[PDB]
Amino acid sequence: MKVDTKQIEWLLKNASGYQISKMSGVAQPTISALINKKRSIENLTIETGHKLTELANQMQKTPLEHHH
Amino acid sequence: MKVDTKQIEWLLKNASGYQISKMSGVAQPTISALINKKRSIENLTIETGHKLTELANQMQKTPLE
Amino acid sequence: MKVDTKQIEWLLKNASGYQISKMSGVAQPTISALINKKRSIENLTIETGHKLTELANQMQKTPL
Amino acid sequence: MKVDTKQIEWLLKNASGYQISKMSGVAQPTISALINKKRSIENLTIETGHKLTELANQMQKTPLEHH
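Chains as they are written, first to last, in the working numbering: chain A, 1 to 68; chain B, 1 to 65; chain C, 1 to 64; chain D, 1 to 67.
Misleading hints may appear alongside valid ones.
Unchecked claim - Partner residues aside, some chain C positions facing chain A, computed with beta carbon under 10 Å:
| no. | residue |
| --- | --- |
| 1 | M1 |
| 2 | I8 |
| 3 | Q19 |
| 4 | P29 |
| 5 | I35 |
| 6 | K38 |
| 7 | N43 |
| 8 | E54 |
| 9 | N57 |
| 10 | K61 |
These are computed hints drawn from the structure, not numbers from a lab.
Every residue, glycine too, gets a C-beta built ideally from N, C-alpha and C.
All chains should be built: construct the whole structure from the sequences, respecting the hints.
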């Protein structure tokens with residue numbers, strides 16, 4: 001598994017907490033605490049960090065029409 | 001410089017030769033040849049492949065609607 | 001930070017808990033737990049995984 | 001295929017041309033031109049760059065004692 005915290009930050013600014021939790025499988029309280037900056041990315045498990053990196057990768061690869 | 005051919009493929013599938021050339025600086029005949037498969041991605045130089053990889057990364061990281 | 005669990009597995013393969021701990025600052029009991037398969041790599045924090053992914057990168061890039 | 005020019009540079013400092021060439025399939029003249037700067041790494045093909053990046057990864061992953 002690979003994790004990239006820059007991808008996780010991109011994710012946290014580019015989708016809603018509901019969509020991140022539903023599309024990544026990560027629990028709603030973890031995603032809300034990340035968005036509120038009540039808990040740090042650095043202290044997540046590698047497993048969580050991988051799920052959020054993968055979702056970020058997939059969403060970034062949506063066609064250019066759905067960007068900007 | 002880093003190159004990733006998967007990113008170049010994504011680029012060629014998601015943007016026109018005109019837009020790729022205008023945003024990457026690679027001459028449009030090179031891009032047109034890649035899109036029509038008269039030239040292969042694997043035979044590009046590392047320098048060009050890096051330019052196309054950076055453009056793809058940049059487009060992918062543009063904020064979502 | 002970046003993590004690659006493959007790099008971490010290579011490190012646990014190629015260095016002892018004492019040396020990993022001593023060069024990365026990760027607690028030697030955490031490393032031992034990884035080496036006896038009491039804890040998963042996936043359950044380390046991202047920060048710890050980043051430190052171990054780096055140690056592995058550094059050792060791999062030492063000459064020769 | 002992925003290319004990393006630092007991995008290529010590392011390889012050129014850490015192994016001889018004879019068998020960078022011999023393990024990667026790239027012709028020794030290309031490797032010699034790289035070693036003697038005649039030619040830049042950035043002008044290699046992606047295909048060549050991938051073979052050299054791959055070899056560099058493989059050689060770097062050899063155990064501690066061989067470093």
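Comparing the hints with the structure gives:
1. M1: For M1(C), the interface hint holds, since the closest Cβ of chain A sits about 5 Å away, which is under 10 Å.
2. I8: 9 Å, holds
3. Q19: Check failed: Cβ of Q19(C) comes no nearer than 22 Å to chain A, outside 10 Å.
4. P29: 18 Å, violated
5. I35: At about 17 Å, which exceeds the 10 Å cut-off, the nearest Cβ of chain A leaves the hint on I35(C) violated.
6. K38: 16 Å, violated
7. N43: 5 Å, holds
8. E54: Cβ of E54(C) sits 13 Å from chain A, so the hint is violated.
9. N57: 13 Å, violated
10. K61: Violated, about 18 Å.
Violation of the numbered hints given earlier is confined to hints 3, 4, 5, 6, 8, 9, 10; the remaining hints are satisfied by the structure.
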